[PDB]
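Coming up is one lone chain in structure tokens, specifically the form deposited without adenosine (ADN).
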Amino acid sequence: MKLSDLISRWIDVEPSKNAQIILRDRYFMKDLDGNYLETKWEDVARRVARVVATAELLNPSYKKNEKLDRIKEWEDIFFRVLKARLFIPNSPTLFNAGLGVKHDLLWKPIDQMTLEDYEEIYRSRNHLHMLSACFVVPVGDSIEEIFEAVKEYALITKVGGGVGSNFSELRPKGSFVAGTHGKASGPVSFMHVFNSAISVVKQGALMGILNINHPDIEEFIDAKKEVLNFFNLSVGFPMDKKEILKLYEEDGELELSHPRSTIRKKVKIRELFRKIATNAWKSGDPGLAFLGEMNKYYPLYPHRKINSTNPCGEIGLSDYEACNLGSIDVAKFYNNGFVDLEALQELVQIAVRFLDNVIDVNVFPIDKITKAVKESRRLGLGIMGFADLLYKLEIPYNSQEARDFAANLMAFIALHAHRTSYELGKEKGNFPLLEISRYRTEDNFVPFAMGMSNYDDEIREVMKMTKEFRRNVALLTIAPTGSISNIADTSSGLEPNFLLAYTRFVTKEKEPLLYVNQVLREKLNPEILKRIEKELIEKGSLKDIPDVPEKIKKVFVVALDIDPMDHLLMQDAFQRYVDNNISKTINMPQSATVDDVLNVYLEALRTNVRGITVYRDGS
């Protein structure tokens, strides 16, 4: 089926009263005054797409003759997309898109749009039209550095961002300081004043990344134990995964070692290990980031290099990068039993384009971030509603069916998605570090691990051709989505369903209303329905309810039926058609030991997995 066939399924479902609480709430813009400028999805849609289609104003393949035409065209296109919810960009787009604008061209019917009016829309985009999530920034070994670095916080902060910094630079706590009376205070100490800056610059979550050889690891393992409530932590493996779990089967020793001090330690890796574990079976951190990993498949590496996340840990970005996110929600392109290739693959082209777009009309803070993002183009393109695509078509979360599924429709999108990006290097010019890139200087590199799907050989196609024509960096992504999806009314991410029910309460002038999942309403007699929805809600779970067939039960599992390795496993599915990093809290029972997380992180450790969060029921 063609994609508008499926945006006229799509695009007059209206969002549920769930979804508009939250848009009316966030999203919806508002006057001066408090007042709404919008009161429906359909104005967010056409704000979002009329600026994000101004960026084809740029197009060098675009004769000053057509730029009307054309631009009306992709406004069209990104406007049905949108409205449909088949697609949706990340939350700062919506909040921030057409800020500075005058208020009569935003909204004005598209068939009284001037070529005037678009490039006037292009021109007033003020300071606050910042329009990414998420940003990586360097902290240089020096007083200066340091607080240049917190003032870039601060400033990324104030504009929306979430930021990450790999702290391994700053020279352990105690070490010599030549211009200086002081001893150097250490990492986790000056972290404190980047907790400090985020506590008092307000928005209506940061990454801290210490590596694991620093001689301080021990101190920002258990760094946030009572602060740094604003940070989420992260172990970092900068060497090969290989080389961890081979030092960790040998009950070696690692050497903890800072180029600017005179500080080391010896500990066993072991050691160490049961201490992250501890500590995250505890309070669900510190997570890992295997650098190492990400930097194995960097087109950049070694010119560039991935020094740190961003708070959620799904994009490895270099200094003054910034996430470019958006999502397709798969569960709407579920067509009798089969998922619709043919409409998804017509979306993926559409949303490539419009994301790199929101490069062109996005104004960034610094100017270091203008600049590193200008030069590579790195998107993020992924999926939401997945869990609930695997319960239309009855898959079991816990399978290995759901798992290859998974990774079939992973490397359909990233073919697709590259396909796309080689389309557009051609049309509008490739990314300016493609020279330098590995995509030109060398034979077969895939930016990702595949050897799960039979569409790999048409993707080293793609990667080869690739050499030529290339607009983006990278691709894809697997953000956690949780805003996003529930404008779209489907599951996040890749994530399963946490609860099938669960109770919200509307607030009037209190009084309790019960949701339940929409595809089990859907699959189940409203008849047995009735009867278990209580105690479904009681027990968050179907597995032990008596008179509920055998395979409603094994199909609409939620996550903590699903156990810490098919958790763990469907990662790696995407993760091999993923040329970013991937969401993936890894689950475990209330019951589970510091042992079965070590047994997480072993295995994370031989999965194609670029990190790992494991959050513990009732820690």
The other form holds:
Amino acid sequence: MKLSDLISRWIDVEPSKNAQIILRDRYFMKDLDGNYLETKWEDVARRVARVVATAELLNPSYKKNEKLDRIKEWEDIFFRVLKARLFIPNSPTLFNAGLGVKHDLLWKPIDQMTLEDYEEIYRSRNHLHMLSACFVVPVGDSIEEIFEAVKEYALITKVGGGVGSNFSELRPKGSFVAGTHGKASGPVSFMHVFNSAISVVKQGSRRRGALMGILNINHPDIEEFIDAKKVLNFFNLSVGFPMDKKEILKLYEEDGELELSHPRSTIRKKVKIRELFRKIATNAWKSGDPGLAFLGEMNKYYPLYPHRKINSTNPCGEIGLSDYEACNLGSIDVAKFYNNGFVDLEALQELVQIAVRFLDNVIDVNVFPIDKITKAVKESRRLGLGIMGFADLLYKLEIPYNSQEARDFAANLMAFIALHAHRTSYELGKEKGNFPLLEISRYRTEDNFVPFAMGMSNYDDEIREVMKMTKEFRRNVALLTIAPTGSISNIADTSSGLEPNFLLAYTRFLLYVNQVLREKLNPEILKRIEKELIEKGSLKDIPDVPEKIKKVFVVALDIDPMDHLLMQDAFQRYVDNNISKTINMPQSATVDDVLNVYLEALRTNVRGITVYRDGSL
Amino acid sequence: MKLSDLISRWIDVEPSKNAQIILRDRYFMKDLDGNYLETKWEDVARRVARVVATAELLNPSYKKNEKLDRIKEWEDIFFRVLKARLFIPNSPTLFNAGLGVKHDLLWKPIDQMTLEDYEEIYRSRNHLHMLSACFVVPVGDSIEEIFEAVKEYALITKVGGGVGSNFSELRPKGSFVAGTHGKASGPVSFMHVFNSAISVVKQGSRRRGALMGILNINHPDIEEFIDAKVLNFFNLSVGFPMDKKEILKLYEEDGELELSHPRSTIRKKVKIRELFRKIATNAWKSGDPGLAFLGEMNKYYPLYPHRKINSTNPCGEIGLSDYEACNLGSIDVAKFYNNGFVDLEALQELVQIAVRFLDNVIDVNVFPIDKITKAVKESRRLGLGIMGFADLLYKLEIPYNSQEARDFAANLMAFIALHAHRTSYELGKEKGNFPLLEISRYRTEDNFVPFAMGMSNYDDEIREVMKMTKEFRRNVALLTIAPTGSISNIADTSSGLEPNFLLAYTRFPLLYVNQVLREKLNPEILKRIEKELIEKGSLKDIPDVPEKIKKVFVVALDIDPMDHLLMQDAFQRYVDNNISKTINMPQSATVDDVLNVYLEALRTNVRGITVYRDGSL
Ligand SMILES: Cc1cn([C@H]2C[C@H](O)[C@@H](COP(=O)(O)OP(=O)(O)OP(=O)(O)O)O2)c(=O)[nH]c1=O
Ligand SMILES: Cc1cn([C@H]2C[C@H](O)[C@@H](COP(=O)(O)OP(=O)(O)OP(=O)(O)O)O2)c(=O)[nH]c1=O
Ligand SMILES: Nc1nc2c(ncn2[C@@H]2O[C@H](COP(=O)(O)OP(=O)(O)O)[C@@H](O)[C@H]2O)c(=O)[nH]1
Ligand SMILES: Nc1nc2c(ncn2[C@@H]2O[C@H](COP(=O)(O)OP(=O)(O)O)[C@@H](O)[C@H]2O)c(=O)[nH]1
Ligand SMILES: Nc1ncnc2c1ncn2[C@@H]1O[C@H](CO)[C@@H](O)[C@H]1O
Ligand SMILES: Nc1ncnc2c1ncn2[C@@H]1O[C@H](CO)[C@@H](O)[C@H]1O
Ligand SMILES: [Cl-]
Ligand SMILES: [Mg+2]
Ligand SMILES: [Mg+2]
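Can I get the form deposited with adenosine (ADN) bound as well, since the one above is the form deposited without adenosine (ADN)?
After this comes the whole thing, all chains and molecules, with the earlier chain placed first.
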């Protein structure tokens, strides 16, 4: 089907009452006095579409004679996709698009727009006009650098960004400080100061701070870091693995020792890698932190490595970012692409093309609080196009999430999306110009570079061809991710990212009940079991429910840890950034079960791991 | 007698074993390996003398044919007075003098010094070469300014400075934040972040952070601030930017104060008497917060209103404009006792030397922040003070708690003020005026004097000297009395203007007895009463101790609060900066007694108040 007709199917489907509450609470724009300027999702769609379309003012392929018509066309397509909720950008684009701009320009009819209206929108974007969710900054090994980084954290938090750092540059606790002849406090002590700062800074009531803190496995304070969370409430924590996954796996299998050391310290120590892993697994089993960040694996696929280097991810791990780099995200609701037993790839390809252009335009109208960030982003133009609604799409296709069928399906879907996204980046490089660093990247200096593992789709050869093409034209260093979509999946009334539904019937702080199950399950057998379902949190052992329904409508805890993990692998094979995935584990899971997840993760193509044991906290 | 004669009596007297412990612990310089580069006080005196004498390189009055000669002469004189411990600069001068300089230059014999050697010292002072104890920085009402100030606190603390701020620009808790449509955390919440930052920064083993936080009496969060003590690195003082007379009048009338802020809409009225009682109650319990009479400080500030004092450093003794710093040094007046009188001949010569020393410190000082370098160069504020005052009173057989002592104090301080300012005149003539002389009240007024006077017959001469400095003046202000918490130990003498807290106690088991008490008391009686003296902490109730001994050898708690306060007044009349003075109060004091001290303070010439009730903490 043509995308335009899929749009018609969804564009007048109104957000649920639950979605509308979320929108009214945090998304609808207000004036200084607190009056609503927006009252409907339609309003947000218009504002956002208009602001993002204005980036086309910079399009060198457009003559000044045609710019108005072209800009209006893009605003129109952006608006319709947004209103239909087929694609939604990360929350900050929704919150902040249009800040600074006159209120009589943001929602005026598109056919009344002039070239001057668009130029005024473009010129009037203020210093708060921050549209990207993901940031990384360095934390250098000096008081000057540390406290500058604290300030950066505050500035980023204020405008609504999530920020991460690798703290491994900071010399270990007890290390000599030549300036004062003193002893260093160590990275963990400094992280507490970052936490205290973020306790008093936020984007009002819209968005509290969200941080990632990584410390590398061979840092002498790694043991303290692993135990740090039991304070650091604004931090997610992961252990960094800068080395090859295969090197760490080999060390483990051979029961080897890791040398803990630091370039600006005499503090040295040998520890058994098995013991370190058991310590991590033990803490993860207890409380869910810390995760694992396979930085070496991120750099293996980073087109600018080794001249640039990924040392950290943003808060939910989905983007590996070089120093001062930021990234803007957006997600396609693939559940809306279900049609008569299949995914409408005709419509999907069209949307992928539009989505990549949209996200790339966001860069041009984005305003950052720090010049080094503005520059890093301009030079690389990293994007994070993902999906949401995947679990619900499987429901409609009658495919159990915990099956090889679903994983083969996932790989082919993500391969298809990657193919067309990268083809779009080629076309965009040709039209608007290549990202400034193309020439020094592996797309250029190397033959056969591909920014992911592939290996589970028939699209592989076509993907290889397109990667070769991007030696000459490429708008973006990387294009894909899968995010948690913690908010935007709720606005879209669909399942979150690649995650299975956590529950088929529940209440959040009200009542949510899976729309796809409503449509499949007979209302008789539904009214019955309803209570039992909300109490057991699964269909698994509710008697008198068709075996067919039970197998399809699985929830997170119905799906064993390895099936969670292998699904992450299927997607990561066709994602050039990373992926947010929780490996849910049953309350009855052991520390050794966690260790087994880690070892299996080391053999798969995943770039990081987060585990959460039911009943943990 | 001539100063040279007094130097001879003291120069070969080595510091007590007690002092040597302190020196070895944190004053003696070490190499990167931790080996001592200094092992005797005279080594410190050599290094410090040589570094500060190096400033004479910049003296425009010297011909190059004499520059070596002059520099050597000043190094020699500085060395002699330091070694003799007649005058000692603030700790950071002793800690940091010479950092960056090749070790073969700091201690070699002065007869081996060439002009090139001094130029080399001057060139190689590094970024840690910070020689001043007292700082103030502003904290502006924005996230950017707040966290820039946090960084400034860290940098200052690293090099061993003490820093204060007035936090009143920060809008009250709950105030609107336009950029986020949020609510402000308020100053007290942000002070916690400053405290957390300073918990992980220090000048090695030498000294931890030391901070002052002030909030003005009319700030809407004043009541929360008053109860704020989590803030362990802060001393707190309530700021009074209005005239002392105005607040006394409001108190006497049982009037109300309007609490308001420029960046907030909510105003509140409170009884000034209720506010004062809240302050007195907390100070009675815990010793905080103090009172800072900012308006009284600006009354005597030569640059007001062009420049403005909003805060003091940690112990309150210097009122500083934004980004201003000040270096201190104190003369041990106990060593000037001679046959029933103070030796004014020798003391005058030393005041002249110490003022030149302190002014030279500025030329070889390195600050961490450019705005501080600029503010210091423009004003050249100094803080020359005294220590050993209590022991001098002992030798003179004058009870600290008497009008006699207070009259003596005023006369002594007037003499010092007179000759310090005379020296600043001469220095202005020789080296050049401080750049802001022209816009100062020494120039723009008739009859400006930077203190109240009124208790000395030196007043007329002081008036004449201030008039002369209309034409020449090296320094905006010259005088303070500091706690001397460390340098009075090094000099083996009483601290600042404070009475001795105790006459005898046990060091580590070593019995210490005040040296003067030992010389005046019959050794037999001493051995007899020692036990009871340590137990009771005073001679007053000990039987068979001569009445005259009891009256003369008073300690802090023998002296009533009003007698502490009036001594502070006597000094403050002839000090152009402020004074560190603890108003000790007996454990049996009431909150009403504290209130009465506050009210008497408003009637006196004191510029601030700190009280401490014995046994409260
Ligand atoms: C000064 C100081 C540093 N540190 C830590 C912070 C950094 O991680 C590390 C270095 O701080 P720096 O500010 O670089 O100290 P320095 O440059 O004077 O000493 P060096 O030449 O040895 O680098 O030490 C503390 O933990 N506490 C302190 O007081
Ligand atoms: C952003 C933010 C500010 N503040 C406080 C810090 C400052 O005291 C005060 C101003 O912060 P600013 O950073 O100056 O906020 P703003 O410029 O976006 O808004 P405005 O025009 O109203 O100034 O608000 C918070 O307490 N929490 C926050 O999250
Ligand atoms: N500052 C801040 N950033 C967040 C928060 N939630 C998410 N982010 C950022 O947004 C990224 C994507 O999260 P996602 O759940 O997909 O956000 P959504 O766009 O709001 O649905 C995260 O990795 C963070 O970088 C938050 O509560 N605060
Ligand atoms: N950072 C820091 N500053 C201090 C400390 N003690 C004193 N200061 C600063 O030095 C000033 C004078 O204090 P004083 O006791 O006379 O210092 P001394 O030279 O060490 O004897 C104080 O007002 C503070 O500004 C400390 O422990 N740490
Ligand atoms: N170290 C971490 N701790 C908690 N959540 C993490 C971590 N790293 C990535 N995440 C992601 O953040 C989200 C937490 O709700 C999930 O998507 C999860 O996969
Ligand atoms: N608010 C305050 N102002 C000045 N000194 C204080 C204050 N609080 C405690 N003190 C202590 O009192 C002495 C100086 O008055 C120093 O020891 C200092 O640390
Ligand atoms: Cl009482
Ligand atoms: Mg350094
Ligand atoms: Mg502001």
